[PDB]
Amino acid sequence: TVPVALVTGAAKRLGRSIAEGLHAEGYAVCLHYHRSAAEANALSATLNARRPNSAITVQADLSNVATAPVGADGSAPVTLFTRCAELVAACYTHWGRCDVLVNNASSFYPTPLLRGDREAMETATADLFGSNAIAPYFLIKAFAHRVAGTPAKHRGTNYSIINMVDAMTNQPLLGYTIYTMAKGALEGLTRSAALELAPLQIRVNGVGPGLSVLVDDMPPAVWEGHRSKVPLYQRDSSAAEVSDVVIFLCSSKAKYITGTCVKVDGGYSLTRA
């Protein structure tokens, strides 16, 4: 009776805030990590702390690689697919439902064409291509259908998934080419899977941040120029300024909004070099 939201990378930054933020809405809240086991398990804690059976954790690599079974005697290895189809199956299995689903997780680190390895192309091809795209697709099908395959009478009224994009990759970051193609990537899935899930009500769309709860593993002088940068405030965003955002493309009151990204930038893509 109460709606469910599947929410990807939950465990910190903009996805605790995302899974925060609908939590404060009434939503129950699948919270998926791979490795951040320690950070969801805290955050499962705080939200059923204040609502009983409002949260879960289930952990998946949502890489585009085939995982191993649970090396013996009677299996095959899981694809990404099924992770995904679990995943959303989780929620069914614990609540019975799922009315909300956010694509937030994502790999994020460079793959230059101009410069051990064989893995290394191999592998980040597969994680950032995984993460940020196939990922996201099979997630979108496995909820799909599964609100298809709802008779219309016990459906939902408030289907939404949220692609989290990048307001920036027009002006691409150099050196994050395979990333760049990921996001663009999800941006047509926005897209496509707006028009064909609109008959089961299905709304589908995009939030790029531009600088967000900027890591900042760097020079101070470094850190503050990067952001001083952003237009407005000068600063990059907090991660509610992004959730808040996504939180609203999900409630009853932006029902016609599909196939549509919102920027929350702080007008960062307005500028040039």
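Numbering follows the first chain given and starts at 1. Heads up, when I say rigid core I mean the largest set of C-alphas that superpose within 1.5 Å between the two forms. First, how it differs from the form deposited in another entry.
The residue among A240, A37, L211, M218 whose Cα moves by 2 angstroms or more between these two forms, once the core is superposed, is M218.
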The other form holds:
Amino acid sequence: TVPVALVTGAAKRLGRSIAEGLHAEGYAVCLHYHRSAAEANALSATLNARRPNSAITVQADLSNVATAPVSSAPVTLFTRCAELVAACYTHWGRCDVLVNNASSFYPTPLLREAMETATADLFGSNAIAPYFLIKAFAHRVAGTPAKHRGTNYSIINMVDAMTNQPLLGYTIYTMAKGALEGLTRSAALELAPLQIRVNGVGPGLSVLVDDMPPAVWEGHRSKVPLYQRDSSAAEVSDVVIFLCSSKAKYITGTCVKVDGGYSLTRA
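Return the form deposited in another entry of this protein as a structure block, the form deposited in one PDB entry having already been given.
Below: the lone chain, stripped of partners and molecules.
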């Protein structure tokens, strides 16, 4: 049987490595994107060239805002999330794995309309959208006759090993990852009767090159105890792939740091 994975924010960086890793194990993957349409579609062609009808793309703004319909009233985040899960059942009749990877990240310093949009985008992508996606995912397994349910349902939330040692100026982001840790434990307990495992993976510093200038990149990366560098995308994605595997079937409600020991440091 060919299981299916829905990966949010899958066009590049960590999300693309998670989609590639799952595809390498045999999963058909639904690649969600927000602004990186070209990149998502290129990845999709690359995957379908390797194995036909093994990848599809779907667009969505996961911020906690209402959007205009694509054909009466404004569409809610809840609906958009339900439609992402639906795309998987419509195309392949199942959704075995959900990886909540999409996430906005920018400052919200404590010391007008921008603040409201930042709250909805940072909390929606990192926490409210994952909540609605898990709810739609669980509803679809619950509506599937037991004799037709898959045998290895897994949800992975991408959290952050370092949020307990806050990055100064990123309060809303930090709060939203703490809510995501709370969703991981609450959903793991609640969904355990359906055999749906829910776990987190929390990178420390990963693929810094694209986000920081040389000198800043060098300076951050030097404080990681193990290897004195940021991780590669595969160093993170291989752990997500292992948690979705049948070998990790007794693991639920846990968050695994993939941080090279950065959380063990002190100023």
